[PDB]
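As a plain string of letters, each chain reads:
Protein chains: 2
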Amino acid sequence: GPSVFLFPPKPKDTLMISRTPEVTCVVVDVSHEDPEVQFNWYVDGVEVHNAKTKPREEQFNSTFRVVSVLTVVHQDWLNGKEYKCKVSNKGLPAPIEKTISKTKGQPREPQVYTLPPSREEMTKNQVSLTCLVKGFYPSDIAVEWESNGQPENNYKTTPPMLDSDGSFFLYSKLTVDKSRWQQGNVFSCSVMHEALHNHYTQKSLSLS
Amino acid sequence: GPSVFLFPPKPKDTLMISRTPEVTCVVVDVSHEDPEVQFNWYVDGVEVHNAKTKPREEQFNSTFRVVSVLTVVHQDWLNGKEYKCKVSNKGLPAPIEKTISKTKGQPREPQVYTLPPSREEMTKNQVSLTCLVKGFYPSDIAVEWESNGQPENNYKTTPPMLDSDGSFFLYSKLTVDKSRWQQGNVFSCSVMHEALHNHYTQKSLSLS
Ligand SMILES: *[C@@H]1O[C@H](CO)[C@@H](O[C@@H]2O[C@H](CO)[C@@H](O[C@@H]3O[C@H](CO[C@H]4O[C@H](CO)[C@@H](O)[C@H](O)[C@@H]4O[C@@H]4O[C@H](CO)[C@@H](O)[C@H](O)[C@H]4NC(C)=O)[C@@H](O)[C@H](O[C@H]4O[C@H](CO)[C@@H](O)[C@H](O)[C@@H]4O[C@@H]4O[C@H](CO)[C@@H](O)[C@H](O)[C@H]4NC(C)=O)[C@@H]3O)[C@H](O)[C@H]2NC(C)=O)[C@H](O)[C@H]1NC(C)=O
Ligand SMILES: *[C@@H]1O[C@H](CO)[C@@H](O[C@@H]2O[C@H](CO)[C@@H](O[C@@H]3O[C@H](CO[C@H]4O[C@H](CO)[C@@H](O)[C@H](O)[C@@H]4O[C@@H]4O[C@H](CO)[C@@H](O)[C@H](O)[C@H]4NC(C)=O)[C@@H](O)[C@H](O[C@H]4O[C@H](CO)[C@@H](O)[C@H](O)[C@@H]4O[C@@H]4O[C@H](CO)[C@@H](O)[C@H](O)[C@H]4NC(C)=O)[C@@H]3O)[C@H](O)[C@H]2NC(C)=O)[C@H](O)[C@H]1NC(C)=O
Numbered sequence: 237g238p239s240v241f242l243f244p245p246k247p248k249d250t251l252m253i254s255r256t257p258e259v260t261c262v263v264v265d266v267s268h269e270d271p272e273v274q275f276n277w278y279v280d281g282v283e284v285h286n287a288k289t290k291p292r293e294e295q296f297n298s299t300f301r302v303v304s305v306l307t308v309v310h311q312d313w314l315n316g317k318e319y320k321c322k323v324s325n326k327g328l329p330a331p332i333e334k335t336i337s338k339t340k341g342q343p344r345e346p347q348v349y350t351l352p353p354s355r356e357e358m359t360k361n362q363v364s365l366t367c368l369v370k371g372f373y374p375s376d377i378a379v380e381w382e383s384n385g386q387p388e389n390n391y392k393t394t395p396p397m398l399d400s401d402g403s404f405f406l407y408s409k410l411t412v413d414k415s416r417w418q419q420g421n422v423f424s425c426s427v428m429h430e431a432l433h434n435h436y437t438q439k440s441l442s443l444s
Numbered sequence: 237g238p239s240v241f242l243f244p245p246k247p248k249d250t251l252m253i254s255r256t257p258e259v260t261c262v263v264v265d266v267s268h269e270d271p272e273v274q275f276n277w278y279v280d281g282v283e284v285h286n287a288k289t290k291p292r293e294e295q296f297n298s299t300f301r302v303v304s305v306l307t308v309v310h311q312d313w314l315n316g317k318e319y320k321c322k323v324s325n326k327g328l329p330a331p332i333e334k335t336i337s338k339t340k341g342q343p344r345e346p347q348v349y350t351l352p353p354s355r356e357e358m359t360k361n362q363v364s365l366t367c368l369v370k371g372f373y374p375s376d377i378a379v380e381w382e383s384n385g386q387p388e389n390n391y392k393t394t395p396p397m398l399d400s401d402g403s404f405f406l407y408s409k410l411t412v413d414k415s416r417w418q419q420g421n422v423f424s425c426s427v428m429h430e431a432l433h434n435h436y437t438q439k440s441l442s443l444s
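Protein chains in written order, with the authors' numbering: chain A, 237 to 444; chain A', 237 to 444. A prime marks a further copy of an entry chain.
These are computed hints drawn from the structure, not numbers from a lab.
Among the clues, some could well be false.
Just so you know, same-sequence chains aren't split out, so a pair can sit in one copy or run between any two.
Heads up, simulated DSS-like pairs for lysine-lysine below, C-alpha to C-alpha not over 30 angstroms straight-line [unchecked claim]:
#1 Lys-326 to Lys-340
#2 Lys-322 to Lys-439
#3 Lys-392 to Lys-320
#4 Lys-360 to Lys-320
#5 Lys-338 to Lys-360
#6 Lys-439 to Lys-392
#7 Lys-338 to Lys-439
#8 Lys-414 to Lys-288
#9 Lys-288 to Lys-334
#10 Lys-414 to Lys-290
#11 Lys-248 to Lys-360
#12 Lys-246 to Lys-439
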């Protein structure tokens, strides 16, 4: 009894023409005696044929794992085109069909807010700078940090939370040596999200 | 083939003598033909006998569900005592054993920081006030908000995130009408966590 899992591309993959968005079709618990698999892909029901089917991998539990990767057009996904994977195995009476697309909902533009460390935080040798992203829909988003055009390393972001009003929000937290902050260095969280003009925005933060 | 799941109490249950901490032993996919179950509980291997075993509930998939609830002593769990559930069913060749205890690790005191809304946020009719809890271990924690001793309603908190240094942190976000904030009302996130003196602390925030 095999099952299939269908993964969407990653947000910023989608948002940057530069990047390569992929839809991933994963089939597990494939019969170890009859490992032969057939993938079929569809774009709004339209069969396409450009998917790279990876070599089957033997797992440690007497099953195989089978991955099919479809390259997608940025705009296509953005315009909410459907991607359906069909998987046909001889040890299964009917082929499995999963489908995925950009989540159905009105797009909503993220509001970004930079926030100092707390007065009391100025006790410790590390401070936390606070990026705040809210109101956005869907959930698919990415934040980064940087200073002097160079990306910062020591930050962490939450996974998006559902807000009362059906929007999502999240916080990003960049920690830095107090000295940097007090020297008046400028830092900015950058946010990628389909609702943004050019899918990107930057909001800066430095000690007043 | 039944399975068991063993749930810990909830943080603040543990932290307030007032509250009632419970350890929950859940057994699912119990045979619909042979539904007869036997629970056994243990405190550091020591069998106790004070658990309330709930009536078995027929599920919609031809299985039963069986819950056993053990009341625990606040200090006991706090001192990291072990709670092992044994489940014995006739349709299973060996009884299932799960065990749980306060997570193993050095306790670490949460640092709480209140943070204004962003200057730019003062555009909208709703603002966000920002409670920040960091450095804590373990993860089991709870935040609330209040003003004028009355609990606030419209806030949301993230689930704890793992921080670089093996600590957890999280943010709480309380939204309020701009007018309240500009009137100079005082708001404070309150945090319950075992590392706190008296398991509690409060940090306030009002417009300067
Ligand atoms: C033999 O050993 C095998 C290898 O270990 C093992 O295979 C594994 O099988 C499980 C199923 O039991 C399967 O689990 C699914 O995982 C989905 C996410 O997979 C992630 O994360 C894991 C680890 O965290 C990674 O190892 C995977 O590679 C994968 O990572 C992603 O991979 C893709 C491409 O490779 C990347 O693009 C991603 O970036 C990357 N992510 C990360 C974080 O790195 C998970 O979503 C599945 O959840 C759904 O099914 C569960 C039941 O299995 C339900 O509990 C749950 O509710 C989900 O249901 C769905 O919910 C959706 C809404 O959220 C709906 O849309 C769906 O309709 C609904 N239901 C479905 C589809 O049923 C799931 O947990 C693993 O993927 C798989 N391992 C690998 C490596 O492929 C075998 O089980 C072993 N067999 C036996 C018999 O023991
Ligand atoms: C027939 O229909 C039945 C009823 O719907 C159904 O029963 C369900 O079976 C599934 C297993 O498939 C079982 O899922 C487990 O759920 C655990 C959490 O349960 C929560 O959340 C659900 C919904 O979100 C609630 O409905 C539950 O009541 C329960 O809520 C909690 O309940 C307790 C007491 O009631 C409260 O105190 C809590 O406050 C409350 N929570 C909330 C949010 O309200 C989940 O933790 C389990 O995860 C582990 O097993 C998975 C495999 O099933 C793994 O993918 C996963 O990795 C986990 O593995 C563990 O990881 C741990 C570390 O994190 C380790 O410690 C463990 O060692 C390791 N492994 C284990 C134990 O295997 C799990 O998903 C449901 O609980 C159960 N439903 C109910 C209502 O009890 C049947 O499946 C149906 N049968 C069939 C054949 O279809």
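Would you pick out the hints that fail for this structure and give their numbers low to high?
-> 1, 2, 3, 4, 8, 10
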